[PDB]
Amino acid sequence: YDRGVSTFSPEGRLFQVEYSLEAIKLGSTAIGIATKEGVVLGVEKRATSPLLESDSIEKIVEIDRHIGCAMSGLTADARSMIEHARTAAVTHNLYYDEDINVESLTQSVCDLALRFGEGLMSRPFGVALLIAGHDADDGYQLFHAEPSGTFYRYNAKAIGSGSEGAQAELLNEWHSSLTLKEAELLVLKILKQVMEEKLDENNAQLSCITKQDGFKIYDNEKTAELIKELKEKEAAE
Amino acid sequence: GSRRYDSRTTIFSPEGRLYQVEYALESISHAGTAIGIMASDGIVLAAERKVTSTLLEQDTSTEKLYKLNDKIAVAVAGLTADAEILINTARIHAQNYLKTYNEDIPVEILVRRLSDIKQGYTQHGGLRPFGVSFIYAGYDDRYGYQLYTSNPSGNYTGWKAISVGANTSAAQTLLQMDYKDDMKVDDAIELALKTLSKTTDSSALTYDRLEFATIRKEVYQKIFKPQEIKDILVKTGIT
Amino acid sequence: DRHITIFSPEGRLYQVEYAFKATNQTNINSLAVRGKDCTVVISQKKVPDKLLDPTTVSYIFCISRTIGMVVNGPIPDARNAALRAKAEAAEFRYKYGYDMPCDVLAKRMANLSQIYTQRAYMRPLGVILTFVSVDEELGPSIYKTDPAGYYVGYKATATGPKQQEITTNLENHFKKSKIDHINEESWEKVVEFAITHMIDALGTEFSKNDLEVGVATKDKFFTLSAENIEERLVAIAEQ
Amino acid sequence: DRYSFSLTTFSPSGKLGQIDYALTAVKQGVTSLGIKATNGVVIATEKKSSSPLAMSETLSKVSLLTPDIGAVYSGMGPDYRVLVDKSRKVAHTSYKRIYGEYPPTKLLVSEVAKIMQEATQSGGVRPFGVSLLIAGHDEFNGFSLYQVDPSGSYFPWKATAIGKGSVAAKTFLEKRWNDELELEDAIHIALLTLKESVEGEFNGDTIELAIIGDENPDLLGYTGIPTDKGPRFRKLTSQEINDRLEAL
Amino acid sequence: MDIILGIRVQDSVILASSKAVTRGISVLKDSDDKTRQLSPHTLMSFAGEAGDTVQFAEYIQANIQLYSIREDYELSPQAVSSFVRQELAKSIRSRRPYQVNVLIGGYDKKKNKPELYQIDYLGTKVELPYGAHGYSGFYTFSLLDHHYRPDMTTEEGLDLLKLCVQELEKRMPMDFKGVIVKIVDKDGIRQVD
Amino acid sequence: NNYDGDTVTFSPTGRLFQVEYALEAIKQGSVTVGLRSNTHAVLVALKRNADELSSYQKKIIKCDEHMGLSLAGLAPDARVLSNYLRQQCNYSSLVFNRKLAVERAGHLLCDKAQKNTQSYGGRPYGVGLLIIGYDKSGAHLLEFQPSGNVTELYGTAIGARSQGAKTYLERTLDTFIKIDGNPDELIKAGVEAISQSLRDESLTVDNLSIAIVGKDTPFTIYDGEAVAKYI
Amino acid sequence: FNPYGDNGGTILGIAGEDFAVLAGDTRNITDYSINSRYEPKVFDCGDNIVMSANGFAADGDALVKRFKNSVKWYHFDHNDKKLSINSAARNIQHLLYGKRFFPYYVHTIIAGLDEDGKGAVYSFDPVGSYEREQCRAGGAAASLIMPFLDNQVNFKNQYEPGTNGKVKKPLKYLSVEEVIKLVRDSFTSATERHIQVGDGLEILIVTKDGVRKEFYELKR
Amino acid sequence: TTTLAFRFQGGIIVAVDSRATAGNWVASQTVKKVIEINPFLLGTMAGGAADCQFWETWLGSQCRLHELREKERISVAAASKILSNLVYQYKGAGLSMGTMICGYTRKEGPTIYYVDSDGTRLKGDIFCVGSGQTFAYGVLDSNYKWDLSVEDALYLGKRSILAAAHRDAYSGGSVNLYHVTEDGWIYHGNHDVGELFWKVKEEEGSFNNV
Amino acid sequence: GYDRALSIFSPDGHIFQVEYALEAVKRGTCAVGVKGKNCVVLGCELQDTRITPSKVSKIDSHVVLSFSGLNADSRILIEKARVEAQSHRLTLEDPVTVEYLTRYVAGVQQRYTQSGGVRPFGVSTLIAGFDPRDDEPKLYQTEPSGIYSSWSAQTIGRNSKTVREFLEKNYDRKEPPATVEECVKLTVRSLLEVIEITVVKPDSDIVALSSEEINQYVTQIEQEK
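Protein chains in written order, with the entry's author numbering: chain E, 8 to 126, 133 to 250; chain C, 2 to 218, 224 to 245; chain A, 13 to 251; chain B, 3 to 250; chain K, 1 to 193; chain F, 4 to 234; chain M, 21 to 240; chain L, 76 to 285; chain D, 3 to 47, 54 to 202, 210 to 240.
None of these hints come from the bench; they were simulated from the model.
Treat the hints with caution; some may be incorrect.
[Unchecked claim] Partner residues are not named here, just some residues of chain C that face chain K (Cβ under 8 angstroms, in silico):
id, residue
1, 101
2, 102
3, 103
4, 104
5, 143
[Said to hold, decoys possible] Straight-line distance between alpha carbons at most 25 angstroms, and here's what the computed SDA-like set of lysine to any residue pairs gives:
id, chain 1, residue 1, chain 2, residue 2
6, L, 182, D, 97
7, C, 100, K, 126
8, M, 176, L, 103
9, M, 138, L, 107
10, K, 110, C, 98
11, B, 91, A, 115
12, M, 85, F, 98
[To be verified] Label pairs and their calculated CB-CB ranges:
id, chain 1, residue 1, chain 2, residue 2, range
13, F, 173, M, 122, 57 to 65 angstroms
14, D, 170, F, 13, 54 to 62 angstroms
15, B, 52, A, 237, 28 to 36 angstroms
16, F, 154, E, 33, 39 to 47 angstroms
17, M, 23, F, 188, 55 to 63 angstroms
18, L, 147, K, 71, 30 to 38 angstroms
19, F, 188, E, 18, 38 to 46 angstroms
Quick reminder that beta carbons are idealized off the backbone N, C-alpha and C, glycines included.
Start from the sequences, fold in the hints, and give me the full structure.
Here it is, written out as structure tokens:
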């Protein structure tokens, strides 16, 4: 409170952005894997009590038919960002009669992030987004959108508290020839590794984007089938 | 900039308390005791005057008790200037309601609106809260006689008998001891004056140190003239 | 409390006191006296830098046709006050159809100063303003305004580090003369008086470059050129 | 203006520190007093000169607010001057322009108290460092004397004093005041009470005194409307004060 | 134009409203209900400019419902008609007035009395034993002035309404496609024939 | 340091520490080289990736076919300033049907940046820009610093280790300024300059991007296999 | 004050199977005076989109300027991605309707290739309603031009000669050269019979190869 | 112009003409007077073309935002009220609109709302709008049934538009037919009114005056 | 106006004002919710009872809000929620869903964590009800951060850790209480693990239980223990 929210550190970094990044390290893990067949998103549904209905958590959301988002950190902050993104995508379709590109949408969200100060929101968002989508120009794309208002495209990315281990495994195990089924099982493998809870269809959620049918979240039954398949195949790894 | 000088009213303490509200409440704990009692047939308001001198016009000083409309009165503890601001707002609100609906404002609607004004200053705008607690005495055809209190937080609660200001723990103890639901206004007048007499930190309770009002059955709303306070003090055996 | 115009526990406004200190930054003394139908202002001019254009160095301002102002304090705040006073006087003449009186302008500028004493976001101006005119109703008039927003009329006044020495000499002169004004019919002798008295008080002779002189008459306020001041100084040498 | 926040706040003890400090400024001010008689009100103050060269006649410590309401102050003179201007305007805009009538004393006092209260709570302002004595007459309430403090609290008085001498003055006024006091007696007592608190020199130049009294049709400035009352406010001349002091 | 009629009898208020909606050359609809229930015992019927009537009535309905939720209480028909009058009186001074004439029929369960208020688009409110807007009164008031009795039962009120409607159908040149009839009483609001 | 809390505070020596810290943002940014001849101006930028799985962040933004820039430091501020510059060029074209001079564009950025140094509540921009363009006065290169200082140069470099490239450009100025017929040799001069700022890293078709503008050469960005010629 | 005027001029869009034509006369008029004999109304807006906004020429100029600026901004924020003719049509609708209550008093036509590579023509009312059309004429002599093109391009009202009105004359491919010939003859007849129809005909032709411009002199 | 929609057991038929006119001049024969708001909602353009097209496309955008927020198809009632509120906010500004919002949801079934520039919002079984509406009503009221076949309902729509095209000079060009089902709307193609006229004139034997 | 950034990140990335708003919730009087198969039951443990009504506020005829924390802040949220419910019912043609209202209230709380010059609400809410043509009961919680989630049973305020551990022992996620009596018995048992009860049922059937009924449950529980 001594220091104004817009100030640089002597190291040339905005204090409130850095501290927002510290908030995101506390968030539950989200993992994205891009493939030529589709993008997979998976999230740790870190239920705080068994009386919590895990199906209400909804840490993966549709932004448009071919764009989805996974969030980690202060997930209440994400609802504003997602409202903006959805409005941008629909407004783009209204003004151009065409879908927004995934990159242009990610930029629209990242343009929101540093619009904080005094004399505007009071603080940065405390949430990172994995934005996955398809467009005809650049295909299946995964982006990491950060409260710095910067974004990178990623082949695969982990965010949240598990991110450093998961990302090391993504560096090991991602390759351009991964099928979507392989990406699904790799997401589940790395969630299982970095999740403290036992992975099951209630502790985790999956989704993919495919151009044939767009963004869909997988039902618990399909996810349990995939977790069974992983448990089987893990005998040979 | 100015950030250096901003005391940041409207922030939580680590315990989740609003310190300016707690400190305004402390301010009110040094104000003159006010008492409300809801009888079966009416309501008594009584208050102690803290400022006293032989040179004060007690006959024209009316600092504790105010009419809000023909059916509702307030007793004030705390900063009288802040109270006068809020009382004017409440009077306007009551008349706006009568203009809109052609009916007298329900007591709870008035109390809620004034409490919401007080709450606003605790949550936004960076201003200090109003340093006043109110007792509201009113009648309406829905609930009849109603006695409310409100404080700087904008909390409000309904009461059968209530005290605000300095000696309220003692006053509420004595009221718990002697209150009865069947009691008449003339019983409640005695209970009010006896409680003020037993709680005042002066040497003796006297008509110059008192303000007194009643709402009783239409409903009539009487602020006692000082001679009537003499009459009631002798009738109660306190003077 | 030291940094903004809020009360100290002693009820002081330290920023106002420190704004008074700023009024002596220039180390200049000014003197004003009333004649029968003129007012004269004398101010020291100190132009030590040979590269200055001395004609641009002035603390005397023509506010209107009839009002002069002399400022003690740093020239930027002086020019702020002068511009504001000029605007106020023109606006007064437009609104009300007659020339702004010197006392009315002094009141208005003092009220602006009070605002700076009361609102935290504006600092006081570090200037003392002495307004002079021959008023249509009050005759020759000296009104002096300060950073507190105080103003009063004066028989005569001085301002600056040596204002006590000049003031006590003026007071002794009025004790010697038993009058509220300089008894002379024409302003040249009032100028010569004021210069002689500043010399006697400060203990220093003046060249025509060491002074600036303002004269208010019924028709106009005007400032003397250096050669008119020469004529007055040689008159003093010969009278 | 970035000072949108309150500069007056509650301390942990519940004090509004800036208001107590404004009251300290008042208590260091030059003594002012008021006395209500059956048939008038006196308000009086010392005029302390800032210089022997100052024309104290040019500084009005007693001000007409309405033809029947006068004020005096102790404390910060400039704050008083600005409050007088605001009181005059609000007496017009909040009342005379609506009802065709000057406000009663109590309602104008309420309006002044409101202005003072807002300086204790609105953003970026300190309280006014003045206490006012406001004397007036109105047809229904008669003569009134009120004190308004920096908080905007106000109290009706039979007699009171404010400023540095107010304790001794209030004790003397408690000795001297009574319900049968006529305005000439109130003026005499006022002059006595100031004599005991002036810094030596005590005369019609060092004293400012005004009364609320009878209507003064000679001050009205026109004739032919029998219902138009002359002003009840009247500042005494220095010669009237001297004449009374010689007989004191 | 639309017909709205009201009769306050001893125990109840009867409101009758025409079913036609006409745009230009054609009858679009023959079944339109020109009323909104404001509260369980208060009904408002409306007539006037297309669009204005329903926008106004739904705004009123939402505000009365909000009041009822906030207070957990039902406003009297008096208070409702005062509120509606205030909204109409504002609209006359607004940049686009609601051209809407209303009848408010309610049963005051505190008084146990039926109440019928007529409010014109100006905000002229009048409590009446029976009421109408526009030309419907020109044909019906002589029947009501002749036959109306304050102690009428609901059934007598309905028969008198039938006579008024028959007279309108005879002499009024428009075809208004009959009326919907609502009854407001101590049991609430019901629709009748 | 009590004086670094805001832009509106001078230190006792007249420094503006928040501005200096925003320049440290630039010094942490990856190197960009600019250089020009009389006929052509070139930008060369080393992009950085977040990790082996990430893309390389865009360092170069086209304003117009006559103008574009390269950024070092806080990329969202570069987006803001690039949009503003695009608006100014657009306004000049719409209202006067004239191509905005590069010098005037630079002064417009200077003025926009200065406001954030002078008033409370904002902050300085955290980004340095190299602006190249071609106009009626020929090729231009500007360096923008978020102090609001804009300087016209034949060559410069900004970002980390950029003093090595700047030293090389200082050493070779009298050669590269003459390269008027041959944009590819000016590009190669710029790529050799930026090589002097590389530490434990090599230029690749992934991390290198180039832009050029000139007499009949609309502002064009080369990236990917388009730069393999110049590596 | 009337903020509008009529500058005459006539324009014609024809979509071919693999080309589009947008043609306009070049005369600018005010009442019975010629302002200019060669003030072109048909513009290449980039992305192989051609546009003409016939009517009040100040509003037409303003709309074309704003559309070109929208194209530039689309390039800036889509990495010089080509704007589709369909997206351009939607954007032009939004440009026009933003002035709904003080409209651009122009009939606009744009022409280009769709993403299949077929000729596309879109026509817009002053307020921004728009339709993809095979052909549209606009302006003063549209009524003189289009019925003849309906007859010669679409064989409207023409039946197969031996069938006594049973069988339509079958539609067939017109080359761009045949279309240009029909356009020239239509504008020549309009020049004969409409006093506003200009001194010259400028034809923009859009193909996969880009935009090409042809000019033909008209009478006067 | 002529537009109609009617409810039946198969859902909704929407039938429209394609004529546009400017005075006596036929500006186009091929105007699309149905706006495909989304795969489940249709609107009919009969006012000013620009107002209907623009605001019903925007309505489609609002439906999509509602679906994203609420995870459900928007109601036809909700869509028509969104449109009628928008149009009422511009009342007196001079919007020119007269549209049937047609849709079929599980909660509502097949639903038509007439919406007007004046802010009228009417639910109904049958609406005809435009200069030919009285002729279309004349056929439709003579021949409508709820139990009508889908093919019979499409024929009835086509014949009502044809009747308007014969009698109303400002109606004609071609007939566009739509069938709204719970699964969405089905386009049943374009029918040139001249071909249709001479077909019906021979097959049905009507228009004996011609 | 006043725009001070009151809610800001600490170096460890916490927002202290939201944590302290949660401390205000934790000091606040309890609220308990238990969702059954066909009802949701809400409960709580010289005042005039008539004009100190239930803490359980109707937002609309089908949906009900309880809260813990600052009562005055809760009045602001309740009024906003009621206004939004009526607005949705007006501008669209249906009453709000319970999740729509919950999301609106959580959005209001979130916005006051990220807006200049405002304190976060020191309030947590339980939102219970039925969607207008649905009979799946709903029970949502909102928090000062603007997080919201659905619960089978939940408690907020003073004793809520202990009561939640009790509900976790005694609520069966695969055999939820089958009748109103079972829901009420579980709610009362949880509140006695340390009375006012509202039952919410479909079709706007919201009923506060009589004290004599509650005392029947209380005495039965005290007889079975």
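Checked hints:
Hint on residue 101/C holds. Least Cβ distance to chain K is approximately 6 angstroms, under the 8 angstroms limit. The interface hint given for residue 102/C holds, since its Cβ lies 4 angstroms from the closest Cβ of chain K, which is under the 8 angstroms cut-off. This hint holds: residue 103/C has a C-beta 4 angstroms from the nearest C-beta of chain K, less than the 8 angstroms allowed. The beta carbon of residue 104/C comes within 5 angstroms of a beta carbon in chain K, closer than 8 angstroms, and the hint placing it at the interface holds.
A least Cβ separation of about 7 angstroms between residue 143/C and chain K falls short of the 8 angstroms threshold, and the interface hint therefore holds. Distance hint between residue 182/L and residue 97/D is fulfilled; the C-alpha atoms sit about 16 angstroms from each other, no more than 25 angstroms. A C-alpha spacing of about 16 angstroms is found between residue 100/C and residue 126/K, which places the hinted pair at or below 25 angstroms, so the restraint holds. Of the supplied pair hints, the one linking residue 176/M and residue 103/L holds, its CA atoms being roughly 14 angstroms apart against a limit of 25 angstroms.
For the suggested pair residue 138/M and residue 107/L, the alpha carbons sit about 20 angstroms apart, so the restraint of at most 25 angstroms is met. Distance check on the hinted pair: residue 110/K and residue 98/C sit about 20 angstroms apart at the alpha-carbon level, within 25 angstroms; holds. Annotation: proposed proximity of residue 91/B to residue 115/A holds, straight-line Cα distance about 20 angstroms (limit 25 angstroms). Of the pairs offered as hints, the one joining residue 85/M and residue 98/F holds, with about 11 angstroms between alpha carbons and a cut-off of 25 angstroms not exceeded.
For residue 173/F and residue 122/M, the hinted distance range of 57 to 65 angstroms is satisfied, since their beta carbons lie about 59 angstroms from each other. Roughly 58 angstroms separates the CB atoms of residue 170/D and residue 13/F, a value that falls within the hinted 54 to 62 angstroms. Roughly 34 angstroms separates the CB atoms of residue 52/B and residue 237/A, a value that falls within the hinted 28 to 36 angstroms. In this structure the supplied range 39 to 47 angstroms holds for residue 154/F paired with residue 33/E, their Cβ-Cβ distance being about 45 angstroms.
Taken as a hint, the range 55 to 63 angstroms holds for the pair residue 23/M and residue 188/F, whose Cβ atoms sit roughly 57 angstroms apart. The hinted range of 30 to 38 angstroms is satisfied by residue 147/L and residue 71/K, whose Cβ atoms lie roughly 33 angstroms apart. Between residue 188/F and residue 18/E the CB atoms are about 39 angstroms apart, so this pair conforms to the stated range of 38 to 46 angstroms.
Comparing the model with each earlier hint shows no violations; every hint is respected.
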